[PDB]
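For reference, the chain that follows is the form deposited in one PDB entry, supplied as structure tokens.
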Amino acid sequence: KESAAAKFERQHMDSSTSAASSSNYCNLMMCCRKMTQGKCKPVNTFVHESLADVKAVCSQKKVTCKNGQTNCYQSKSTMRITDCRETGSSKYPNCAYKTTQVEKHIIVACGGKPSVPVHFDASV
């Protein structure tokens, strides 16, 4: 069981750089964050902001998911992000990527599974 929130974090969070280091970054991280196992993942975005700042998006502008869902939210401010695009010469097992550093509003799907007791009402 990998949680969707850990999978998101693994696939999309990078608080260790403020910007994609060089032109190799996506080739490294897509390797490192395991998105090149079995296939090459064509596109992926890393966000160079705190996990707090990224989580806070779940309480910001509500907009629609691309697939038709509604649990998608948009960041008030822009964020430092890195778009990683699979190139033409890419062919599993040898996956290559283009690294692109931009500052754009992100849009994420915000889910959850935990409801907790906050008041004891009665017994029956």
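Positions refer to the first chain, counted from 1. Residues that one form lacks are left out of the comparison. Rigid core: the largest C-alpha set superposing within 1.5 Å between the two forms. First, how it differs from the form deposited in another entry.
- Annotation for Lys104: C-alpha shift under 2 angstroms between the two forms, rigid core superposed.
- For residues common to both forms, superposing the rigid core between the two forms reveals consecutive runs of 3 or more with all Cα shifts of 2 angstroms or more at 1-14, 113-124.
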Contents of the next structure:
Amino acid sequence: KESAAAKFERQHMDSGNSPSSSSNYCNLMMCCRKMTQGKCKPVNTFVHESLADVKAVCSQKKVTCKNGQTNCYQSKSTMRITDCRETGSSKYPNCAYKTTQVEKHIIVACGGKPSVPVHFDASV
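Could you give the coordinates for the form deposited in another entry, as opposed to the form deposited in one PDB entry above?
Just the single chain follows, nothing else.
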């Protein structure tokens, strides 16, 4: 059972000067989106585009994935994305990320039917 003391810490404690700071975006999203359980996912990109625009990439430019698979596609246009990358100081269970906002082309692997994005490969 989660002790009452530990529950209180989880539900009400967030010690710090700038808790609502945008440089915290990745720390909170990586946690919310469940990518900090068991280990700290080292790198992860968030796309701030319409889901309609991201799905459209699956019928755009064909390219080879980094792992040799052949079901990857590159966006014809650049997309507003946020790069979340683990800091040198990050150490599980205290995962820390650097938030970087950029506009780059994305590369995703598409699968299933209808064909939709199932993996983020890279940004170029």
